[PDB]
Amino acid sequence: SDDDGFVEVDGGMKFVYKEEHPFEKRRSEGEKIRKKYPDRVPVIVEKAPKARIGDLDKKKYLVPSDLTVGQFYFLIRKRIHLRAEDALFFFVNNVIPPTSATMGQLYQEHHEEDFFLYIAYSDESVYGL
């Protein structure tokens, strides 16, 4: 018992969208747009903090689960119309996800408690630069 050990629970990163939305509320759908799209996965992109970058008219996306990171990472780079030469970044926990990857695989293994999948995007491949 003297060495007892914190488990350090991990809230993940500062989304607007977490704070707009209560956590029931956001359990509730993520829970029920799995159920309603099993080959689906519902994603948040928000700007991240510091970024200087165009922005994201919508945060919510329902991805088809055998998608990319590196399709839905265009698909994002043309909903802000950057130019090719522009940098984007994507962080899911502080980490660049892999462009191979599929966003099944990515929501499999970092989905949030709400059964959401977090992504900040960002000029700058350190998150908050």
Given for the second form:
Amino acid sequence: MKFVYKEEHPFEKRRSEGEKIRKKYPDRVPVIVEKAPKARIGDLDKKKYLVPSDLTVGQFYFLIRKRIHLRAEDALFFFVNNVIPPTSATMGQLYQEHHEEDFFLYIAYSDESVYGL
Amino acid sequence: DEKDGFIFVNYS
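Complement to the form solved without the partner chain: the form solved in complex with the partner chain:
Once more the chain from above appears, this time first in line as the rest of the complex follows.
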């Protein structure tokens, strides 16, 4: 799944930054969040987030929802590696399993239950 | 809230 952030920030610079930020704010997890191609819903203000390790995916839905001012009837789905993480994982667990060699975790969101329609 | 280029996401 293409990411703009990866496209325009060189790996080794993503890696030094991710290492620093883990070392500097350890009880939070660094997350890149970008709208899925062809998602019809709101675009996000910023894309770099430092998230409490013990926040649930579920709870993170509410926070992101509120940041893009979704309509009640709008849907929101998350995608890590083309796959939905279950609401019942922590962001910390998601980070452990799914972070990349640059120390970031990458999440795309959509109004479709499939990336990326 | 926003330091080091990251939104410090709080429980809220």
